[PDB]
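Enquirer: For reference, the chains in residue letters:
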Amino acid sequence: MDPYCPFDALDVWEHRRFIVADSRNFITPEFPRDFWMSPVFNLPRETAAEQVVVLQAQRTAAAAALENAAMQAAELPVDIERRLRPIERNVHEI
Amino acid sequence: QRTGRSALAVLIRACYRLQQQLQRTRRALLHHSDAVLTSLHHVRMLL
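Protein chains in written order, with the deposited numbering: chain l, 1 to 94; chain o, 3092 to 3138.
Here chain l stands alone, though its shape is the one from the complex:
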């Protein structure tokens, strides 16, 4: 698991003034690596398909209530013509 590197180590001392050819070192933490713990990404069990099932069941349940309300409100036009026509005839009797 060691990355390949031909060269071991080299040395020409670090005078703060004489910095030339500005490269950048690999910045590392001071803590032992063992707690830089492992990669884990876990799925939500509710799947893109499962939410489809749940929301479709909800849509189909709501459609029944919408149809119930429509059929409750679809009888009012029958009520108007069932209630007012006899009243119009009674007025006509005069």
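Please note that a few of the clues may not be correct.
[As the list claims (entries may be wrong)] A few chain o residues that don't get close to chain l, going by computed Cβ distances all over 10 angstroms:
#1 3092
#2 3093
#3 3094
#4 3095
#5 3096
#6 3097
#7 3100
#8 3101
[To be verified] Partial pick of chain l residues on the chain o-facing surface, computed with a CB cut under 7 angstroms:
#9 59
#10 66
#11 70
#12 76
#13 77
#14 80
#15 84
#16 88
#17 91
#18 94
[What the hints assert, rightly or not] Quick list of the computed label-pair ranges, beta carbon to beta carbon:
#19 3101/o / 65/l: 47 to 55 angstroms
#20 44/l / 3129/o: 38 to 46 angstroms
#21 3105/o / 84/l: 17 to 25 angstroms
#22 50/l / 3115/o: 52 to 60 angstroms
No lab work stands behind these hints: they were computed from the structure.
Heads up, the beta-carbon is just placed ideally off N, CA and C, and yes, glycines get one too.
Here the structure of chain l is known, so what remains is to put chain o in place on it, guided by the hints.
Expert: Positioned in the frame of chain l, the structure of chain o alone reads:
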């Protein structure tokens, strides 16, 4: 002559207009609830 023949005119005008006032309620209250039904169907059409 003019007494009884003009007295009945008030009731004539009342009845011949009460005949139309109910017709207006018949028409005006049917073109309004149909909007409610259309809105309900539109809401279902959103689903």
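Enquirer: Now tell me if each hint is right for this structure.
Expert: Structure-based check of all given hints:
Its beta-carbon lying about 24 angstroms from the closest one in chain l, residue 3092/o satisfies the requirement of being farther than 10 angstroms from that chain. Once the 10 angstroms rule is applied to beta carbons, residue 3093/o is consistent with being away from chain l; the minimum gap is 23 angstroms. With a least CB separation of 21 angstroms from chain l, residue 3094/o remains clear of the 10 angstroms interface cut-off, as annotated. Annotated as non-interface, residue 3095/o keeps its C-beta farther than 10 angstroms from every C-beta of chain l; the closest such distance is 18 angstroms.
Every CB of chain l is more than 10 angstroms from the CB of residue 3096/o (nearest about 18 angstroms), matching its label as outside the interface. Its beta-carbon lying about 18 angstroms from the closest one in chain l, residue 3097/o satisfies the requirement of being farther than 10 angstroms from that chain. Against chain l, the non-interface label of residue 3100/o holds: every CB pair exceeds 10 angstroms, the least being about 14 angstroms. For residue 3101/o, the shortest C-beta to C-beta distance to chain l comes to about 13 angstroms, beyond the 10 angstroms cut-off, and the non-interface label holds.
Using the Cβ-Cβ criterion of 7 angstroms, the hint placing residue 59/l at the interface with chain o is satisfied: the shortest such distance is roughly 6 angstroms. With 7 angstroms as the threshold, the beta carbon of residue 66/l comes within range of chain o, its nearest partner Cβ sitting at about 5 angstroms, so the hint holds. At its closest, the beta carbon of residue 70/l sits 5 angstroms from a beta carbon of chain o; the interface hint therefore holds under the 7 angstroms criterion. At a threshold of 7 angstroms, the smallest CB-CB gap from residue 76/l to chain o is about 5 angstroms, leaving the interface hint in force.
Hint status for residue 77/l: holds, given a least beta-carbon distance of 6 angstroms to chain o, under 7 angstroms. Checking residue 80/l against chain o: minimum C-beta separation of about 6 angstroms stays under 7 angstroms; hint holds. Hint status for residue 84/l relative to chain o: holds, with the closest Cβ pair at about 5 angstroms, below 7 angstroms. Interface restraint check: residue 88/l against chain o, minimum CB-CB distance 5 angstroms, threshold 7 angstroms, status holds.
Residue-level restraint check for residue 91/l holds (minimum Cβ-Cβ distance to chain o is 5 angstroms; threshold 7 angstroms). Checking residue 94/l against chain o: minimum C-beta separation of about 5 angstroms stays under 7 angstroms; hint holds. In this structure the hint that residue 3101/o and residue 65/l lie 47 to 55 angstroms apart at CB holds, the actual value being about 53 angstroms. Distance hint check: the CB atoms of residue 44/l and residue 3129/o are about 41 angstroms apart, consistent with the given range 38 to 46 angstroms.
Between residue 3105/o and residue 84/l the C-beta distance comes to about 18 angstroms, which sits within the given range of 17 to 25 angstroms. Distance hint check: the CB atoms of residue 50/l and residue 3115/o are about 56 angstroms apart, consistent with the given range 52 to 60 angstroms.
Checked against the numbered hints above, the structure breaks none of them.
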